[PDB]
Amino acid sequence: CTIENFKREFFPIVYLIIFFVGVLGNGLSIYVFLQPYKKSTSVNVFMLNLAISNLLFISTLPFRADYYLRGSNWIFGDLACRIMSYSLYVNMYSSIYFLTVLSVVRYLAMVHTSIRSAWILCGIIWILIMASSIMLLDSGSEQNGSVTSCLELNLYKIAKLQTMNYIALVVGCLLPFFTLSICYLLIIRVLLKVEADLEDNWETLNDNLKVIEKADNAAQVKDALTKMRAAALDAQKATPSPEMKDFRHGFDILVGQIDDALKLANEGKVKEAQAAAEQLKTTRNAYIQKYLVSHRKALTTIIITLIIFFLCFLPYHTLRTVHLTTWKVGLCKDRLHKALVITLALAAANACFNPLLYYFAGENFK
């Protein structure tokens, strides 16, 4: 209608922006991932597969942009038109599954070879999405006079797409969204548990160390040290790997330094004990810094994935469903269709948004 003028103004800009930004980001990311120097992890296998999928998709965007810059004329042949749709949807649902499986893996890593397991999972995802999407290859370039069209909805496609939507809405969108959400809510829950317990024990340690600093005799210092050691042994038990070994070691040597101070408290030597207490405080602060940095990174990756997933996909799937259920052959539903165009652009922008995850979760080590 006049939706077409908006499409021909809007799609070229956003597609070219996604293309250049995404080539840059995904190229840097894949270059980093394929280097044999750094030790390979499973999350890197998932991120590599995701970057490769997004880059394959991004390579088709110049053709989409060309199509609209020509006033919605397709010049690239019937096979390329088929590949357009195939690559769009293969990328989209492979990306959703890569993110979701990465999330399940992280949750299980907190609760509970894995490199080969990640490669097998990614191969399964590739095969699933590519096999289940093959009927998109039946849709080709349609021609009306002198204007070969592509990328459009039409009656020839509708009967398929409508049903093909719902299944894809349930299995490719809502299921992974729910899985992602539940895994990350459970992770937030375990993090809040450990942080609450750690603050609780922190408070007892601060109180009894303040008592030790404000020392009156050898009995009160020993009493405060006994309380401290009790609180510290509670924390060591409720601790639930490089980061996990450092924490257990810190807890053990903290209990050791408290036993050192208690030895001094039996001898009635008050000054020695207070010096030991000060050095124990230094140790505790070191351990807390090391934990807090890890905590912040762990939450940042989770929230970024929820934001990207949410905003890129759920508006687009919602509006795509609504647009398909109301579609009439002759009716112009300009405003809804325009909304769908905007959210389709957001969904395509995922291929250049994902390198943020590669930023934060990727190089976070040291």
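Residue numbers count along the first chain shown, from 1. So that the term is clear: the rigid core is the largest set of C-alpha atoms that superpose within 1.5 Å between two forms. Compared with the form deposited in another entry:
- When the two forms are superposed on their rigid core between the two forms, the C-alpha shift of 2 Å or more among 191, 153, 292, 175 belongs solely to 292.
- With the core held fixed, the Cα of residue 321 is displaced between the two forms by less than 2 Å.
- For residue 131, a C-alpha deviation below 2 angstroms is recorded between the two forms after rigid-core alignment.
- A movement of the C-alpha atom of residue 251 reaching 2 angstroms or beyond is seen between the two forms when the two forms are aligned on their rigid core.
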Second form
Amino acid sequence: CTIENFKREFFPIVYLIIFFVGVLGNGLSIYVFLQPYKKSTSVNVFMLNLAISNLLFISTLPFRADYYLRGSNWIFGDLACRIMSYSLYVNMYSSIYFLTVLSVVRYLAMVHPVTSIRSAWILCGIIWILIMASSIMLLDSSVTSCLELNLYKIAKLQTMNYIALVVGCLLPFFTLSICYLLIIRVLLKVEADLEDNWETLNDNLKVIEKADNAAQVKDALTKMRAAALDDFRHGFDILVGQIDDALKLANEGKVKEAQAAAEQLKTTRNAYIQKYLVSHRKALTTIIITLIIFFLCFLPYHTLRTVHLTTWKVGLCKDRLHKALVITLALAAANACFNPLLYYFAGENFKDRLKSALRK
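I would like to compare: after the form deposited in one PDB entry, may I see the structure of the form deposited in another entry?
Chain alone follows, minus partners and molecules.
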């Protein structure tokens, strides 16, 4: 079949690229995750678990590459061949679940009604164990054609596919869709409220900026304090305190100095606004990247995988569908080197921590 020549030319290249990009990205990421960072949240745990899984899977891609460079011949043993499948599917579904967990955690962080480090490790251990246990029949106590689909494997894999498709791909993707919905909702409502607070404060600052006497400045500062009342919370409302100082000046009759005080109070409020809007932005970013990962890496692969299993026959080549499966399989594997784009653009000050970790 034509697809066999295609795979022999295609997989060595893509796998070894994924290996090179993935060892670099994950080793660097893991190094950053293991270095001490004071304000490190449970996010750090989930990313780290993902990174480690991704790296363990990447350590197998040379062997796969080897298989195809030899003309689809597995020279390693039966056990290494079983480990190929075991690593591939454990890493796949572990990754999907850590990513789902990371989006959920990041949503909870914006809403905050926390995941501690120890709890994050327990949740990770449970994910590891459930998925390793679900996968052990890939390790059953032919092999020359290690990575192929054959007629003895097809009956088991049809049943295995049903369950892995539903529970390991569609259920987490559904969870991600709900997460996106919830994050958009929270972000829009919170940003509407932040606009209203900013605008009330700016109204009163404009009033104070052109006020006739000290009583008027005092009244508008009082209204400002009423607006300031109602996750760092601006160092326990630092702006609200500075306003109290300005109100003292007002009650002393110092109009010019109270106006001067009010006019630098414009910026300390948007400091608060941003300290609590950056978490909402982190969650939006996490969910958008993760959904792109699903649409690129996992959903086409599970679709075509299912159709391939369903329509498979030992005599027929099925070249277009099989080639589409091969390319989507490559994208499922490439996820292991994609995941640091998440770490970098949606980690916890990851660019800062990288700069600090590499500087001599």
